[PDB]
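A single chain comes next, written as structure tokens; it is the form deposited in one PDB entry.
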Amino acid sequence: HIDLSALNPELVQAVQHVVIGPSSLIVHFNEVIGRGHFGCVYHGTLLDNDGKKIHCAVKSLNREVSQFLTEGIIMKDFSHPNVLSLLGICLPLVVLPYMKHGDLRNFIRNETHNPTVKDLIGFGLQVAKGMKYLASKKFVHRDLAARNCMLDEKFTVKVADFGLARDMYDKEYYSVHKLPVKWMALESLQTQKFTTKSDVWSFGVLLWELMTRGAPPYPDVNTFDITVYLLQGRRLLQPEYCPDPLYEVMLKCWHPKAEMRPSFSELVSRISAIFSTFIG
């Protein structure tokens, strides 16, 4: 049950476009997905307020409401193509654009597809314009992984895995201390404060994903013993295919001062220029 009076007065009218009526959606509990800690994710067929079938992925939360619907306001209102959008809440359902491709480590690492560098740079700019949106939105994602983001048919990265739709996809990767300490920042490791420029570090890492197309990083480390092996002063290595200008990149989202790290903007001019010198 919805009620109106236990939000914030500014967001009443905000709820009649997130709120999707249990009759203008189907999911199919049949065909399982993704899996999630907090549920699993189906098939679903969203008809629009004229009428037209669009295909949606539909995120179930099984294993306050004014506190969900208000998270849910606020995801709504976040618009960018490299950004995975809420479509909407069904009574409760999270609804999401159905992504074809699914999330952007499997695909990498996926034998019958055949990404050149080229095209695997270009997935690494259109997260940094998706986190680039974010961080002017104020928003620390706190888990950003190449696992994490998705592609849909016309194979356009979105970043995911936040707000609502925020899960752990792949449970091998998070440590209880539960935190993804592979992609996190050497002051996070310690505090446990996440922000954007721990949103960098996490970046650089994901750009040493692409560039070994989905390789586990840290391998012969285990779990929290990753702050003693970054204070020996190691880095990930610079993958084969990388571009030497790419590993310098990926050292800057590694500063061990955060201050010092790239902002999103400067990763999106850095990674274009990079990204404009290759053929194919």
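Residue numbers count along the first chain shown, from 1. Under this definition, the rigid core comprises the largest set of C-alpha atoms superposing within 1.5 Å between the forms. First, how it differs from the form deposited in another entry.
- The one residue among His255, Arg213, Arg235, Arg35 whose Cα position changes by 2 Å or more between the two forms, with the core held fixed by superposition, is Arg35.
- Relative to the superposed core, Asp152 shifts its CA atom by less than 2 Å between the two forms.
- In a rigid-core overlay of the protein, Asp170 has its C-alpha displaced by at least 2 Å between the two forms.
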Second form
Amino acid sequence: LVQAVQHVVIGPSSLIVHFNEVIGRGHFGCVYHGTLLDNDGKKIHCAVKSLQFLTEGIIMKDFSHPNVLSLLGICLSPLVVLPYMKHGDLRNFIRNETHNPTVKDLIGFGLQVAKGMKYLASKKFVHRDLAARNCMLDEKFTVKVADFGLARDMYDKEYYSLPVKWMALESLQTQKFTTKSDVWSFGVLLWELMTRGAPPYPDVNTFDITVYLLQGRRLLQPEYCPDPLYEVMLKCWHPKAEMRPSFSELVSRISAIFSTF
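Switch over from the form deposited in one PDB entry to the form deposited in another entry, please.
Single chain only below; no partners, no other molecules.
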């Protein structure tokens, strides 16, 4: 096993961790700036986090897609090495008053998420916590689906003293997660993108959501959301999991809507 993990392991001579400085001033907890040296001697700016882990490492290392956050490696508390994301999380970015993304830009972000999700689904990977705050943006504003495998619990803060509104009806009732339940969460994420990061169901309790959805009540169309995109969101919130579109069908449908702008 210590053999099979070698290609995931980063040698202490290849990584300089800057333990004296955190990224995003506490927003992501104790995540440090880091410098990783590759085989050609190129310096890679990275984010280093302190945390059977060696196995989630092997699997995550082989997951490569431009819309999925990659795992740069692990250093043996053991350390998780990830690419540096210049513009932090997607929820934070769309909420920031300073930024003015267009309806096209917002749809483009949703398409990149669908592409990242289409790739994870093909590798039979179930996310379980898909939401705007769990997606990152790099220097070129490329969306990376994050908060899975070794990069999970990004927002778990240490003290001294379930994302139910993104969950599918069957997941709320049986605690079982599938690709079809990630399709439901993707619908909620599209709704967040179109509302520029507004909270879903603000007047409904986390305990009242099951009864609210069983009554056939759903998130309402955002003001600036095109009609075909809203039709796609409602398909994602269908009560029968088998009736929901697949992630590949989502990419096809969303890319054709994106191309009309």
